[PDB]
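**Q** Starting from the structure of chain A, add chains B, C, D and E where the hints point.
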Amino acid sequence: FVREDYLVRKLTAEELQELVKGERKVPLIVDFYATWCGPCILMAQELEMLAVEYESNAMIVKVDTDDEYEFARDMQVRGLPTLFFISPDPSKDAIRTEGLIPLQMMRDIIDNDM
Amino acid sequence: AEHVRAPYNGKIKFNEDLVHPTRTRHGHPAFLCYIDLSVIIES
Amino acid sequence: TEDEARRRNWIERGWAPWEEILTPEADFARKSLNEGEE
Amino acid sequence: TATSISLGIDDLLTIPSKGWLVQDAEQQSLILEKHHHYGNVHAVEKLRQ
Amino acid sequence: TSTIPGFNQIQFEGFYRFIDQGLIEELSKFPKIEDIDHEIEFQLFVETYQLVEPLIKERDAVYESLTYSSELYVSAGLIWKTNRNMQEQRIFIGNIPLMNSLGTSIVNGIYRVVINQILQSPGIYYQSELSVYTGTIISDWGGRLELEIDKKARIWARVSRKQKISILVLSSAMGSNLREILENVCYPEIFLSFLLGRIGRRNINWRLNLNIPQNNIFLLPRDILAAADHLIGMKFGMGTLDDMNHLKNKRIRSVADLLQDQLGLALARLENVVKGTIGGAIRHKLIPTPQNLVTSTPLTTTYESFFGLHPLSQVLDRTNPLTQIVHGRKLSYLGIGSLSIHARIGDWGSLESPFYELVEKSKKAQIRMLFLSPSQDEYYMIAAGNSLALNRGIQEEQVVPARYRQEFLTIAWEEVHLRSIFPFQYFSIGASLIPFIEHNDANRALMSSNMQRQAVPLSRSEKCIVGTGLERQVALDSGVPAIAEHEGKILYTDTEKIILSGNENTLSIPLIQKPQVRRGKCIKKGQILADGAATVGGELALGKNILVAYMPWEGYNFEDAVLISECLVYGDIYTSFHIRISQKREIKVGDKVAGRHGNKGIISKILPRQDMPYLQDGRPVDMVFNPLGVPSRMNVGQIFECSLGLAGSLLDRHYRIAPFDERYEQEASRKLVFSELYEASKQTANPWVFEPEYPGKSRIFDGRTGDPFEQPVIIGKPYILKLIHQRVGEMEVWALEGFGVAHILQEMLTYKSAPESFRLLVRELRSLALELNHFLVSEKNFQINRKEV
Numbered sequence: 001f002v003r004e005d006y007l008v009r010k011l012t013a014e015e016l017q018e019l020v021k022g023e024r025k026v027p028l029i030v031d032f033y034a035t036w037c038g039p040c041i042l043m044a045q046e047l048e049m050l051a052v053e054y055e056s057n058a059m060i061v062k063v064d065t066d067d068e069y070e071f072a073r074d075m076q077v078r079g080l081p082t083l084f085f086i087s088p089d090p091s092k093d094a095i096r097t098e099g100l101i102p103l104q105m106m107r108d109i110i111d112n113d114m
Numbered sequence: 001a002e003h004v005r006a007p008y009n010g011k012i013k014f015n016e017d018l019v020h021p022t023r024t025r026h027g028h029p030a031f032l033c034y035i036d037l038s039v040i041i042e043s
Numbered sequence: 001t002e003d004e005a006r007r008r009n010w011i012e013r014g015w016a017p018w019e020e021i022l023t024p025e026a027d028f029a030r031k032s033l034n035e036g037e038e
Numbered sequence: 001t002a003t004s005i006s007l008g009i010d011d012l013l014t015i016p017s018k019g020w021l022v023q024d025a026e027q028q029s030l031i032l033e034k035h036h037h038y039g040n041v042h043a044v045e046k047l048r049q
Numbered sequence: 001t002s003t004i005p006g007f008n009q010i011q012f013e014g015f016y017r018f019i020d021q022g023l024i025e026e027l028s029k030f031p032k033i034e035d036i037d038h039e040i041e042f043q044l045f046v047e048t049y050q051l052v053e054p055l056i057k058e059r060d061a062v063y064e065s066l067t068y069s070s071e072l073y074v075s076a077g078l079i080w081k082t083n084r085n086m087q088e089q090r091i092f093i094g095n096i097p098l099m100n101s102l103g104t105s106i107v108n109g110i111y112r113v114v115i116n117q118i119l120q121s122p123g124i125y126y127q128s129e130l131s132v133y134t135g136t137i138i139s140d141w142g143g144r145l146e147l148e149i150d151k152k153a154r155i156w157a158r159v160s161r162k163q164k165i166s167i168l169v170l171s172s173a174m175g176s177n178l179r180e181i182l183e184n185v186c187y188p189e190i191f192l193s194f195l196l197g198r199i200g201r202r203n204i205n206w207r208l209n210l211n212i213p214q215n216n217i218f219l220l221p222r223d224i225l226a227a228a229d230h231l232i233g234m235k236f237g238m239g240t241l242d243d244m245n246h247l248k249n250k251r252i253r254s255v256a257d258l259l260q261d262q263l264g265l266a267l268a269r270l271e272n273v274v275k276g277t278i279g280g281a282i283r284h285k286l287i288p289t290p291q292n293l294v295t296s297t298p299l300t301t302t303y304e305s306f307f308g309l310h311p312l313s314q315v316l317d318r319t320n321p322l323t324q325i326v327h328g329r330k331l332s333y334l335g336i337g338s339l340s341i342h343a344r345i346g347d348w349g350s351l352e353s354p355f356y357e358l359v360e361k362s363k364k365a366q367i368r369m370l371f372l373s374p375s376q377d378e379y380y381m382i383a384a385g386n387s388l389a390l391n392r393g394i395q396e397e398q399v400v401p402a403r404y405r406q407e408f409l410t411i412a413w414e415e416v417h418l419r420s421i422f423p424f425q426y427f428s429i430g431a432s433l434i435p436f437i438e439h440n441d442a443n444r445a446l447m448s449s450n451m452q453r454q455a456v457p458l459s460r461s462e463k464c465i466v467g468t469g470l471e472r473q474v475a476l477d478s479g480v481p482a483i484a485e486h487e488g489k490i491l492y493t494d495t496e497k498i499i500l501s502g503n504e505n506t507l508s509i510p511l512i513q514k515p516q517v518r519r520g521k522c523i524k525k526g527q528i529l530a531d532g533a534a535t536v537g538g539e540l541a542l543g544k545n546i547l548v549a550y551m552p553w554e555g556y557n558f559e560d561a562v563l564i565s566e567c568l569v570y571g572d573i574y575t576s577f578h579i580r581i582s583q584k585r586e587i588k589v590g591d592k593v594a595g596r597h598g599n600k601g602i603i604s605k606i607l608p609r610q611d612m613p614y615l616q617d618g619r620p621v622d623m624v625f626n627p628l629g630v631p632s633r634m635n636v637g638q639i640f641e642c643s644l645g646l647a648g649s650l651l652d653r654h655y656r657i658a659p660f661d662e663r664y665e666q667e668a669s670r671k672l673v674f675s676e677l678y679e680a681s682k683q684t685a686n687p688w689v690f691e692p693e694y695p696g697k698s699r700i701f702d703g704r705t706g707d708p709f710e711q712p713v714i715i716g717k718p719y720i721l722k723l724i725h726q727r728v729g730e731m732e733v734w735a736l737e738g739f740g741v742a743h744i745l746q747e748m749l750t751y752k753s754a755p756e757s758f759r760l761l762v763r764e765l766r767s768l769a770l771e772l773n774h775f776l777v778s779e780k781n782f783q784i785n786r787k788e789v
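Protein chains in written order, with the working numbering: chain A, 1 to 114; chain B, 1 to 43; chain C, 1 to 38; chain D, 1 to 49; chain E, 1 to 789.
Mixed in with the good hints there might be a few duds.
To be verified - A few chain D residues that face chain E, going by a derived Cβ cut-off under 10 angstroms, partial list only: (1) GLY8; (2) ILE9; (3) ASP24; (4) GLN27; (5) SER29; (6) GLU33; (7) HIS35; (8) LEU47; (9) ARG48.
In case anyone wonders, no lab produced these hints; they're calculated from the structure. The beta-carbon is built from N, C-alpha and C at its ideal position, and this holds for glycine as well.
This is chain A alone, in the form it adopts within the complex:
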């Protein structure tokens, strides 16, 4: 076996609707990157580090807005790098963050707001 080089998992918009409708044990982080975007090179590395640091205690996934542009617009995304933190409790409001937020702000949100 050779261990896969990346942990942040790309989803389609429908696979994301499935993942949000189904019950979750852990916070879901959704990254709306796009591959032409400069800051997304950095955000992808921050999210890879977050995805290692939290192991199975967070579900970190990404959605390329080249593919799911209308879904990004319906998510009220107004730019990239953008990130949703969706609580496992479905009553709570999700948090959208915009720009390269620090990895410590990601940890803060995941530990204290989700």
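**A** Just chains B, C, D and E now, kept in the frame of chain A:
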């Protein structure tokens, strides 16, 4: 071949009828001379 | 044979001596270079 | 030892008119390249320039 | 494409190709084997080929002095008679040596690397001998075939110096008649007037514009007909001669092709071993399938003799992390040079380099990097210029220096096809590690490479203040640092091991290094865990940043001798460990040091700290180079490295200057250096660092006097590397006898080792049945005394 180079800024002056027209090794037009030619430089 | 090949160029290869309009430096080249290098 | 023969980036000393001379040789070459495209100058003359 | 390739990838992709096809390819050529009585038959069922993993791990094989190898098994049919006299046993065919990931094979305990071989590419070539138009097919077996015209055509094919036949006669022997020649050649009345492997097929098709299908791997007669037709073309001048020495006409054989050849030899030996054992089975009966009629000897001993003896299998130069990489990228004509940083061996054995493509408006390309061999890249206008020129015209018509065919020329961007965008594209690894290389005479680029390949790893290695950014690539690909194999949180770290936990699974990584991770760190898969010898922070760290002045001292730095401070002995700064037991080798008089710029020198003098020259900040300099070396070897780049290293020492900045920064801007390197010198000055309030009167130089003081040397001395903190460490000749005989000093000559040639060697001379001639007889004549008595010989 030695190159003669202008020692001063100014206006070249000479009677160009004393010298034969030619095409240089570089395709530039030039004059080819077989005399002692005096060239003025009005600096 | 020059003239037979001239005819063969005209008839088969489609040759004609289309006159070339030259800038005076290109004409000077196309004349002076007939006489020698320098 | 009492002196020193140390070399620095501005101890080297490009001849001041080099820029003009290069500009000269550049402008002629550009003009010849232009005239080579025009078919006034053949490839051997351009090479030799 | 997007990034500098892994340096070992050329080996890696070669070895994987050998596994991915070379095994099938070579096993498929194993024939059915028939006995002498035509009744018993043996064959390998190649479809069952099975490499079982090495049962011994690398670190055990190297310790036990063994070969780290996978075991090949194949099922083998053997019909001992008709009907059920059949066995189809799975048999062990033998050990194939496996590559370790950094590109080396452990063979009998010693790391070996297979050097790449350069050969003349298969195909067809035309030489103008003396005019004697001479065609030559090269098959990929190295077999020549020659064609020639000297006058009036009458093309001969040549087989030997006494064997030439007209090509219509050869074609008749190949079964092609004059009607086929007439139909299949462009100039048939000229012909009538006379009355290879996959790479070879490709190159002959390309060079002759033929369209023979690839499945016709061998030479066809129509290939020779086309070669003669093109030779008539050359005779008329309807073509070009080919230059054999040019890099475009070379191919590279990697580890893949040599290992595959050695599998071919091993299987041909297996064929002889099966034939001989079937013989013993057909004469002594013996036992069927004892394992089978196969021994392990052919493969195992073929590969181990390849590694032991073949000139292209060489012990890994484990001297330092750079040489471990560079060795596996050598390119030898025997069986030299090294592959450029971005070079890739293509699927046809050509060496390909990446070029950005300027397709403008029509096409919708996805990836705009081509990879092109020197055969292709001459038919493109490659520019190396920049788009940073504008005029009352337009950017498209702005001209740049480009390369087309083998020529250099100036063309508009509108004409440019490709751009050579990567800085390191043409450099070897050693050349890429030299900052400001464009300011060093390229003659020394090889030498300055060699210097780094002689640098001893130092205890307390240290990152260079000025670099190029390839120290990272070298550290990563050397495999001397412990790279993580799996993501996770760190659990434990000491001198013996690192421990990871991730994906809720643990991994233990023993160190054979110092841990860079804190025990609380979290690690992504391929990040560094521990630095190796001569790495720091995952950068190559072959040397130390030594405070240096360039001034001629009182001869102890005569012609690149070097003075060092005693502090270099105090600080263990150049203390190495040499293992035999180990010895703590300090730096000594007569040790060799070099900068990366080819500024080598030998330590002649060690002075105490207060005898050194000292700066206006009071610090004594730690070495004194001599400046006459700088124009001797023409290396102005080191003065930049000096000055900017000083800046980096004072600003606490490292610098990673990619080559040819002058492409941005003229004087760009001077601007960087002077800018950072001025920043270091004004931030530290050290106005002597940037003296505007003579920037980069400063006045410095004699530690034995306190007076300043009256002219400013160039100062720096360059990166200095410590390097690794009786015939009486005929020209000495000529010199001694020139001095007439002939009793010394007699001593040196006789009793220091008639003389016994003249006894040998006479005895061997006497053994050739010639009497070399020595007489001397008495001056007194004329007696012919025979010498003792």
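**Q** Now tell me if each hint is right for this structure.
**A** Results of checking the hints against the structure:
{"no.": "1", "hint": "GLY8", "verdict": "holds (5 angstroms)"}
{"no.": "2", "hint": "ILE9", "verdict": "holds (6 angstroms)"}
{"no.": "3", "hint": "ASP24", "verdict": "violated (16 angstroms)"}
{"no.": "4", "hint": "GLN27", "verdict": "violated (12 angstroms)"}
{"no.": "5", "hint": "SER29", "verdict": "holds (7 angstroms)"}
{"no.": "6", "hint": "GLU33", "verdict": "holds (6 angstroms)"}
{"no.": "7", "hint": "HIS35", "verdict": "violated (13 angstroms)"}
{"no.": "8", "hint": "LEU47", "verdict": "holds (9 angstroms)"}
{"no.": "9", "hint": "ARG48", "verdict": "violated (14 angstroms)"}
Going down the numbered hints, you'll see the structure goes against 3, 4, 7 and 9, while the others check out.
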